[PDB]
Each structure stands twice: as structure tokens, then as C-alpha cells.
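One letter stands for each residue in the lines below.
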Amino acid sequence: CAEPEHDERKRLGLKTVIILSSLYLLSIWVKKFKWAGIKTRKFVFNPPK
Amino acid sequence: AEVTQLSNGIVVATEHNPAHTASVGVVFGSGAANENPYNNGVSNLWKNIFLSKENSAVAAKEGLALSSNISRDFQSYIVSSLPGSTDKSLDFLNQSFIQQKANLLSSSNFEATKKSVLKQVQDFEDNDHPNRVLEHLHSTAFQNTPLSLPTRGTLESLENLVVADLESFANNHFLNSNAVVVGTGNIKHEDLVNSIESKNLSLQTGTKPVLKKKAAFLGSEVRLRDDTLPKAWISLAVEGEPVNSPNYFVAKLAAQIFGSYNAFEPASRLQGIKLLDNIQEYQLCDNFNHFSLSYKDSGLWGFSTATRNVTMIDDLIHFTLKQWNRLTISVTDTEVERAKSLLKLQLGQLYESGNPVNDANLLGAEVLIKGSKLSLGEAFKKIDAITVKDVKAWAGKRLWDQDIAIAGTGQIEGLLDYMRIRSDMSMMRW
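Top to bottom, those sequences are chains D and A. Residue numbers for the first sequence follow PDB author numbering, beginning at 258 and rising by one. Residue numbers for the second sequence follow PDB author numbering, beginning at 27 and rising by one.
It should be emphasised that the hints constitute simulated quantities derived from the structure, not laboratory data. Idealized CB from N, CA, C, for every residue including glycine. There could be a bad hint or two in this list.
As the list claims (entries may be wrong) - Restraint ranges, calculated between C-beta atoms of paired labels, are given here:
no.	chain 1	residue 1	chain 2	residue 2	range
1	D	294	A	272	42 to 50 Å
2	A	237	D	274	34 to 42 Å
3	D	288	A	348	23 to 31 Å
4	D	271	A	358	29 to 37 Å
5	A	169	D	303	15 to 23 Å
6	A	452	D	303	34 to 42 Å
7	A	170	D	288	23 to 31 Å
As the list claims (entries may be wrong) - Straight-line C-alpha distance at most 30 Å; calculated DSSO-like pairs for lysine-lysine:
no.	chain 1	residue 1	chain 2	residue 2
8	A	240	D	296
9	D	299	A	418
10	A	418	D	291
11	D	299	A	415
12	A	348	D	288
13	A	141	D	306
14	A	348	D	291
Please build the complete structure, drawing on both the sequences and the hints.
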């Protein structure tokens, strides 16, 4: 009576949480790829005469 | 227009045309691409004693002129004569590369030459920013691989070089199977080949050089920021074509489409290049030039540029790379046709200058790699046969969504990160 949407709400949550989980894991991977040039960048200093 | 190459015990190549003077030289099939990180600069040092005041006076008495060139794939030592003295040039070649190749390396000569290539290579790094950048382009593009070594060598491998390093290199690369003797000028093939088969004596025949590991392009960058320089100088390239690639000429034509530019030359501002509409509005650069550099194992296709517009470098790079995108998708017939005509003109002006020392270097390098020289008229046949479809198929393989290599110096704070440049190697589509 208080929560008539209960069964349907949890079914939608299952889909929503699966999609968002995947999108989260995916974006981590895509971020690391897009940052790989910057993260492994190397500097050298040769003091000017 | 001739190409007569025949092998006795050595391999002799000539190309004669009644001009004025004659040039004779030996061209070895090993250059800076054959050195190490640690003896890097040995070839340049060899060149410099060959032209030392001692050896150069002995030639000037005889009325001979000396010339040498160190490249990546090869190496050349050249004497120019006055054309009846085509025999006295071969005397100076052998009196140097058999007799005096133990007398040129005298303690006082070597130390005064090493001191002069040190002031030489230092001056280069301090002041020649366009070639400095282009040399570092090869360095990063081909890192840890033979094509990465600079031709003049590095200051640190140079100052730690001794007479024995010259020796060890000369004993492994100045061999018979790694040599071609070249004659350009006006002298006949049978005029030279007989003066060569006159004297026998093979000298270290049967000895091969040392094998290695193949050259490879790695997408990368080296950024030599210097805010005290009044400009930014940048070079940017993809992996291009080796000599004896099917697309050797398609690549060279593609570079001619965008060509070269000089903002201060009125005529240059008027060329049939679409990129110029973009870059002239805010004057995005003082100059650029595209190139298709080809070597034995690989090559670089891209452009170099110089600019005082240091807050709009990103527009320079963006408009240039959007133009290159067009080669895969929308390059027009008349752009291709314009490039054909201008490629012929420039390839002509190269292969037939009025200077035989250039002819020797072009002949020498060619025959060392493919065992023959393609005639200028044969090239034009290949150039004229290129269609829009060819350029598109080439660009779609070499240019579109491909890694790049970048180098720069000067005020390059405005040259954006790698991934920004690299994303512009293509376009969004449905």
C-alpha cells in the first residue's frame, strides 16, 4: 500500500546499476588511455651556459 | 641523359654529359645509420680529415677540388677535376684511400680536426634551429633504431672519439662490397672504367660489413622549449616511404600539393594552395615547407614551419592538419595536376643542375640501394600516371588516424599536447 512501485522499482534499478557500473569501469579505461602520454612523460634539464 | 653502370671487381657507375668539369668519387653504402650511440659522429669526422688543410693542399697543387657528404644510408668522398685530368683524380683517390689512410690520422692533424668539428657541431646546436629541429624529429621518430642517429654526431660521442674508432669504422665499412665508384661530368664510362681496371689489387675483398636491426617509426615527441629564442620552429611527420616504395612518387606528389611558403615573398602568397587562405588572415607563420624524406628502411612525410605568432600556434597546426585530412577524402583533380607539374619542375632542377658533385651524390645514393638509376624521363612517366584515387589510397593508409612525431624549439608554449595534435589526423563522420 505504501510502496506500490516496489517490484518494478527494483527491476529498473537492476538495469540502471548494470549500465552505470559498466560505464564507470569503461570510463576509467578510456581516461587512462587518454592520459598515457602525459603520465609517462619524461623531462631532462641541461642547465644553460 | 645516361646511366651506365657495370661491375668489374668493384662496381663502377657513370653519367656523362658535355658540360665543363668532371667529378670522381667513391660512395660507400654506410652512413650515420650504421654508427652506434657511442661512436656517433665517426663518419662526420672522417669527412673532415679528408678535407683537412694537409690533404686539401696536396689536391690544390694538382688543381683538384675536394667535396664530401655524410648522410644516413650512405657516405661519399668526391674530387672534382678539369675534365682531361680525370686520371689525376683517381690518383688522389687511391693515394688517400690506400696510402694516406694511415698518414691522415696523424696526432696533430686529428686533434686540430676534432677541435674543428666540435666548434662545428656546437655552432649547429646553438644556432641552426630549423635543421636542429628536423634532426631531433628523426631522433624521436626513429628512437633506439639506426635512423635516430644524427649525421654530424653528438657533442658527447664526438669528444670521446679516438683514432682507433675511425680505424675500426673504416675497416668495417670502407670495404669493396660496400662501395661504388662514381663519375659524373663529361667523361665516358670506358674512359674511367679502364683507368680503374688498369690497376688491380683488391684490398680487403671478401669482407662484408656488420648486420643490424631494422628501423621503426614510433609516434612520439621531443620538445626543446626555449623562451629566449624569438620564434617557434616545429616539424611534424608521419611514417613516410622508403626508396623503392611503390608509393615513392605518390608521397612526393602529396607533399607538393601543400608545398612550401614564405610570407615575405609576394609570389609565394599567390600559390594555388588552399591552406594559404587560412594561414594568411592572421599570419600564422613566416614559413613552412612539406617534405617526403625517403631512406633505405623508412621515411618521414610531414612539414616544418617557423613562426613569430606564438599565441596562435594551435591554429597553424589545426589548419595544416585539416588540409592533410583532405587527401583521404576530398583532394581535387586540379590540385593533383598542379602538383604533377611542380613536382616535375623541382625534380628536374635537382637531377639536372649545372653541378656534377650533386649529380654524383644523386647517382651514388640511388645505385647503392636499387643497383640502378631511374632516368628523369622514366620518373615523369610515373608522376603523370598518378590519379586522385592513388593519392587517396595512400593518404588513407599513411595519414588518416595515424601516429605522428613532433619536434620543436623556441617559444612553443602554445604548441598543444600530443593527443590534441594526434586527434586532428582525422575528422568526425556519421
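Check the hint pairing residue 348/A with residue 288/D against an upper bound of 30 Å on the C-alpha distance. 25 Å, holds
Pairwise beta carbon distance, residue 452/A to residue 303/D, judged against the given window 34 to 42 Å: Holds, at about 36 Å.
Does the Cβ-Cβ separation between residue 288/D and residue 348/A fall within 23 to 31 Å? Given range 23 to 31 Å: holds, Cβ gap about 27 Å.
15 to 23 Å was suggested as the range; check whether the CB atoms of residue 169/A and residue 303/D agree with it. 18 Å, holds
Taking only the CA atoms, is the gap from residue 348/A to residue 291/D under or equal to 30 Å? Judged against 30 Å, a Cα distance of about 21 Å means the pair holds.
So does residue 237/A sit 34 to 42 Å from residue 274/D, Cβ to Cβ? With a Cβ separation near 59 Å, residue 237/A and residue 274/D fall outside 34 to 42 Å, so the hint is violated.
Given the hint that residue 240/A pairs with residue 296/D, test it: the Cα-Cα distance must not exceed 30 Å. 29 Å, holds
If I claimed the Cβ atoms of residue 271/D and residue 358/A lie 29 to 37 Å apart, would that claim hold in this structure? Between residue 271/D and residue 358/A, where Cβ atoms are some 55 Å apart, the hint is violated.
Check the following: the C-beta atoms of residue 294/D and residue 272/A are separated by a distance inside 42 to 50 Å. 33 Å, violated
Is it true that the CA of residue 141/A sits at most 30 Å from the CA of residue 306/D? 19 Å, holds
Hint consistency between residue 299/D and residue 418/A [alpha-carbon to alpha-carbon, up to 30 Å]: 37 Å, violated
Pair hint residue 299/D and residue 415/A, alpha-carbon separation not exceeding 30 Å: Since the Cα atoms of residue 299/D and residue 415/A sit roughly 42 Å apart, the hinted pair is violated (cutoff 30 Å).
The structure shown violates the earlier hints numbered 1, 2, 4, 9 and 11.
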